[PDB]
Every structure is written in structure tokens, then in C-alpha cells.
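Enquirer: Residues per chain are reported as follows:
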Amino acid sequence: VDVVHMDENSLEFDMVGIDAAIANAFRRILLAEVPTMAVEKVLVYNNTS
Amino acid sequence: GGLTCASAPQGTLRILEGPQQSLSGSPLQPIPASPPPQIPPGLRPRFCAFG
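Chains C and N, in that order, are what the protein sequence lines are.
Taking the deposited numbering, the leading residue of the first sequence gets 51, the next gets one more, and so forth.
Taking the deposited numbering, the leading residue of the second sequence gets 103, the next gets one more, and so forth.
I should point out that these hints are in silico values taken from the structure, not numbers from a laboratory.
Wrong hints could be hidden among the right ones.
[Stated by the list, open to error] If you anchor each label on the Cβ, the simulated ranges turn out as follows:
no., chain 1, residue 1, chain 2, residue 2, range
1, N, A135, C, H55, 14 to 24 Å
2, N, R146, C, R77, 24 to 34 Å
3, C, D52, N, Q140, 43 to 53 Å
[Claimed, not checked] Just a sample of chain N residues kept apart from chain C, beta carbon distances all over 10 Å, derived:
no., residue
4, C107
5, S109
6, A110
7, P111
8, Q112
9, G113
10, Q123
11, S124
12, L125
13, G127
14, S128
15, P143
16, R146
17, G153
[Claimed, not checked] Pulled from the structure, derived: some chain C residues nowhere near chain N, Cβ distances all over 12 Å:
no., residue
18, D69
19, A70
20, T86
No residue lacks a Cβ here, since even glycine has one placed at the ideal position from N, Cα and C.
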């Protein structure tokens, strides 16, 4: 693995010597399976906007 | 002493007022034709690959 760039909010490592199935598994995990926190419910007391 | 029919007229004149034609110049349009859409100069790529 060779990590080229690493600003904050960016990474560009290489990952030399792996198949397309494992690379695709890693890519699909980041897009759809790594957990995050986000607003689910909103209680609106007044809203004259 | 009355009015009597006189000799028949020998001719008729019909008058009308008419102006004339100018030269044919045929100036079709201020900015004429359909001017073509075209390239902005230089432009430059606005995108690069990663790595």
C-alpha cells in the first residue's frame, strides 16, 4: 500500500496487488456500510418560514 | 336658349399622381445571416484525474 496524498478530507493510496473483487468490496463498504450520525426526527414547535 | 348635345369628345385624359422606383440595394439584415456558435479562446481543462 502506498499513500500518495493525505490532506484532511482526502486520501489517494495505491493498494497494489489485490483483485477487483476485494477492491470493489472496500469501495462499496465506504459508500454504504461505514456508520455515521445524522438527523432522523424533527420536532417543529413553530415554523413561520 | 336651352342646352343641346355637342360634338362627341375626340379623346380622354386620365390623370393620376405617381412617384418612381429607387436602385435595388437589397440590404437584408443589420447583423446578417445566422452567426455561428463558437469556441471560447484557450478554455483550459477544468478537471484532473486522481493520483
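Enquirer: Are the hints correct? Go through all of them and say.
Expert: Now the hints, each set against the structure:
1. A135(N) / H55(C): 14 to 24 Å: 51 Å, violated
2. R146(N) / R77(C): 24 to 34 Å: 31 Å, holds
3. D52(C) / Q140(N): 43 to 53 Å: 45 Å, holds
4. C107: 100 Å, holds
5. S109: The claim stands: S109(N) keeps its Cβ more than 10 Å from every Cβ of chain C (closest is about 101 Å).
6. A110: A110(N) clear of chain C: closest Cβ-Cβ about 98 Å, beyond 10 Å.
7. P111: 94 Å, holds
8. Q112: The claim holds: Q112(N) sits with its nearest Cβ about 97 Å from chain C, beyond 10 Å.
9. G113: Consistent with the label, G113(N) stays out of reach of chain C, its closest Cβ about 93 Å off (over 10 Å).
10. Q123: 70 Å, holds
11. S124: Its Cβ never comes within 10 Å of chain C, the nearest being 67 Å, so this holds.
12. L125: 69 Å, holds
13. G127: Nearest chain C Cβ is 63 Å from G127(N), so the label holds.
14. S128: 62 Å, holds
15. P143: 32 Å, holds
16. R146: 22 Å, holds
17. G153: The assertion about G153(N) is violated, with a minimum of 6 Å to chain C.
18. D69: 20 Å, holds
19. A70: 17 Å, holds
20. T86: Fine: 23 Å to the nearest Cβ keeps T86(C) off the interface.
Checked against the numbered hints above, the structure breaks hints 1 and 17 and satisfies the rest.
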